[PDB]
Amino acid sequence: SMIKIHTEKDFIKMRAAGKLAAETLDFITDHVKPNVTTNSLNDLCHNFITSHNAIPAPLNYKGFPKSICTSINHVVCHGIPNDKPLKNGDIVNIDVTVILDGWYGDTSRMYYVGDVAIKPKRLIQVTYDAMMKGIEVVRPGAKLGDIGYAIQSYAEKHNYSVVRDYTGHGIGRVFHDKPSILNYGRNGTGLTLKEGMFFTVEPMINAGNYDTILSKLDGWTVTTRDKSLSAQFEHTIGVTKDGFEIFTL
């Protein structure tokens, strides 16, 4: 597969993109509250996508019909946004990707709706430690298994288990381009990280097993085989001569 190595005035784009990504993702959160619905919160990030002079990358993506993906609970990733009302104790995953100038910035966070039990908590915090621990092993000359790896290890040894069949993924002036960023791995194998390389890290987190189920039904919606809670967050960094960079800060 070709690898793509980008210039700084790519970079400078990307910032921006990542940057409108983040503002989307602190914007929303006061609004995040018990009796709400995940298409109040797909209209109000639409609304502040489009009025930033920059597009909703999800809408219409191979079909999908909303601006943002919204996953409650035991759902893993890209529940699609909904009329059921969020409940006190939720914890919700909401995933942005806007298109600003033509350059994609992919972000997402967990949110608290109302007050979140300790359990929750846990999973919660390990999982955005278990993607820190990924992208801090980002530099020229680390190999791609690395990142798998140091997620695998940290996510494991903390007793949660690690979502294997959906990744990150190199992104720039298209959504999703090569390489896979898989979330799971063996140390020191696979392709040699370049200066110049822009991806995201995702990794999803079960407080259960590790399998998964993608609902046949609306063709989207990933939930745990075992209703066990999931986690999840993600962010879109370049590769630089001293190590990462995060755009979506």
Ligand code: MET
Second form
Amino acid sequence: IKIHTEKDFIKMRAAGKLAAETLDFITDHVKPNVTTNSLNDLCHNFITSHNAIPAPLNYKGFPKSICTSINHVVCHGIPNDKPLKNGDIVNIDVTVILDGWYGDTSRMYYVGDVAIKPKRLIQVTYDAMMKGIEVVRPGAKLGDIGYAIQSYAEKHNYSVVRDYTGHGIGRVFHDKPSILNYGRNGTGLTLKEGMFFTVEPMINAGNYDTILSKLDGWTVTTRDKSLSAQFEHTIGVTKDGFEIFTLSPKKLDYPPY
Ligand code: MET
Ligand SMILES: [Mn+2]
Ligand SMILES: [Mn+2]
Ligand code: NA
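Right, the form deposited without the ligand is done, so what does the form deposited with the ligand bound look like?
First the chain shown before, then all remaining chains and molecules of the complex.
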């Protein structure tokens, strides 16, 4: 696990800011009848016009510049030509590379008028992410992150996806260690100043089991077809706490926006 210094923190602040600015920008474009392919092109040109690279583009063959995951899609959805429908929920997940450093962040968006139950799932997911980030400091352990997220989700009768995790990040997209979204207090490796990683819980309204698309090699869905929501931030461990690199500059942290 790589230990970074202040010079690298400066670089990660800039990459994370741009990733978060991409998500602020896309907000007003998420409407009924818009396709995820349209949203991908909007984000692509925003990213590149800011002197940066969309990390997902051809990453392990991924065919688009962002991930867009609708309703029972858990993560890694591929932008396509289907119109978004009133009542849908969508995760938009952006990663930019700026001067060689990766900024990774996602948020949930409402499409038109959304029902009470999807809105509850979204809110719980955001809150759970923040419970996880909030334990981070040198001497805390990875399992403390997972316990905080899992406890918060499960107290609301939701489940935590096990098969996909957060990750180290910096000059690499996906580095050590794996940041599990479930766990037990006081277990796992010890956090240290200078570590960078993501916190990206996926929370299901039903059971935690997921399925990977046999057809596109990427799209993950809930096995029970229940709704799933996700938020993500890129963070760093400081001398006595954490720093989030991907905060929305416009304070568009969670919907409604
Ligand atoms: C094809 S990019 C998959 C990236 C994943 N959504 C992440 O946040 O790491
Ligand atoms: Mn991401
Ligand atoms: Mn990530
Ligand atoms: Na979803």
